[PDB]
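Next up: just one chain, as structure tokens, the form deposited in one PDB entry.
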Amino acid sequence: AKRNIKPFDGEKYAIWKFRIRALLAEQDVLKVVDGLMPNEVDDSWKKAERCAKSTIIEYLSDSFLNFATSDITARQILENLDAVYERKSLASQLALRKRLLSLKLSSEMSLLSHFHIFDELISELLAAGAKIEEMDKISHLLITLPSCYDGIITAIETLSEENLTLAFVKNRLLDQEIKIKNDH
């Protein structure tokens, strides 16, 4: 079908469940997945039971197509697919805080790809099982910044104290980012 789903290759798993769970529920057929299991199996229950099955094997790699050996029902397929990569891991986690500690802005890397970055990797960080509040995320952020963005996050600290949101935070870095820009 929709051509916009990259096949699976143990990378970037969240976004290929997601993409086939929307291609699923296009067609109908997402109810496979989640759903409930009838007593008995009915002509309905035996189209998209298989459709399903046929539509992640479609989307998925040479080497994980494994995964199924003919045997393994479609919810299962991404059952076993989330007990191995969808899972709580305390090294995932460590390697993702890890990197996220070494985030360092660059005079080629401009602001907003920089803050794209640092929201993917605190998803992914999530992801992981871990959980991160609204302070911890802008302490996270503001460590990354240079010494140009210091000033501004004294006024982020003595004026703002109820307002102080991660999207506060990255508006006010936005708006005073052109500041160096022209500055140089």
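Numbering follows the first chain given and starts at 1. What changes on going to the form deposited in another entry:
- In the two-part rigid description of the change between the two forms, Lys47 is assigned to the same part as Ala25.
Given the form deposited in one PDB entry above, produce the structure of the same protein in the form deposited in another entry.
Partners and other molecules have been left off, which leaves just the chain.
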């Protein structure tokens, strides 16, 4: 019912496990993975085990189905997936942040492609575990721009103080890149 989980393919295991656990908790099945094993198994417990195993099988890619082929419970599958991918880092936060700080808008590139690159970098940083607020995102975006946008920078800083987000800043930046391109 929750088709918003990307199948696990060895990348971003923390997000996949979080979404899988949320989905299992939605179906009142997470007690199999988390709760203690009951002394006597009931029909409800067997149904919950089947549902958890089926969900994990559904949200595993064809390459990773070998983790569920053996007659093991969903708890064992998650334990193995943890032992292989639990504490392992997804990327280098310092490298990504160095790339982000070195980002600069080029004359040939338009603001749409630059915004896409900035969004990809920010999304990768946030997926890696870094915590970036909206103000920090805006500051990075503004420092990754040439000096032709100083007018809109001043206007945003002085006027839109209680109304600033990434979307509004990007919209204003595109609005004035239209004028900047016209004035060349």
